[PDB]
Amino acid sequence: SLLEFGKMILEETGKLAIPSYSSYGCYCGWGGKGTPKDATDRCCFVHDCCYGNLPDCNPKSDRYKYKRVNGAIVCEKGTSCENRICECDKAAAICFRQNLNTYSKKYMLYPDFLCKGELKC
């Protein structure tokens, strides 16, 4: 679920998901279109594609369980949808952590009109 994902993001990065990752670039949050602005935004593009692999799952609301094995995220067994949603969220949180060094506040609240075009998953 979005609330869990926000907690996983905060745990990984030390940034609050809202507002650091909820309106960032072209894909973090509302998403849709354009060339991702930077590595962090690319994390969000891939996460959007990951959710898109799961058209009959409901990632905003479906809760999954995960644990920490020392710092590593281990998705625990739930339903198929929950397992897959967890792996998508885990990857995004790790991606955000791996790209904190280039995270840029100038991309927060990035305007939709600067995000134009395709980019297939």
Second form
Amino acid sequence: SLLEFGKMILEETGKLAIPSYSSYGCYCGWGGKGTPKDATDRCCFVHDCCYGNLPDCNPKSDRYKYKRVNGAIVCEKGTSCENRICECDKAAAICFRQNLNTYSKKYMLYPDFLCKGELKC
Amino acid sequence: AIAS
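Could the form solved in complex with the partner chain be shown next, to go alongside the form deposited without the partner chain?
Up next: the whole complex, starting with the chain shown before.
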């Protein structure tokens, strides 16, 4: 659930998922169109695509479990949806980590109209 | 609230 994806992001990036990745670029937090502005935005785009593959699950509210084995995120057995959801988040978090170096503040609170273009998953 |  959103509580876990959040905590996952913090451990990983030391950034509060709430400011930092809730209104970044075109796909971070809401968002449903245009061209990702950068890596981090690409990450969100993929994450959003990842959820797209689970039509009958509920990402934002279904909770799951995960442990860390030396920092390695490990999704634990739960429901089919929960496992799959946990995997999708896991990826996003790593993605975020991997692009911290390009995180740009100018992409926080990005205006909607600047998100032009089309992109398929 | 929410994350991505």
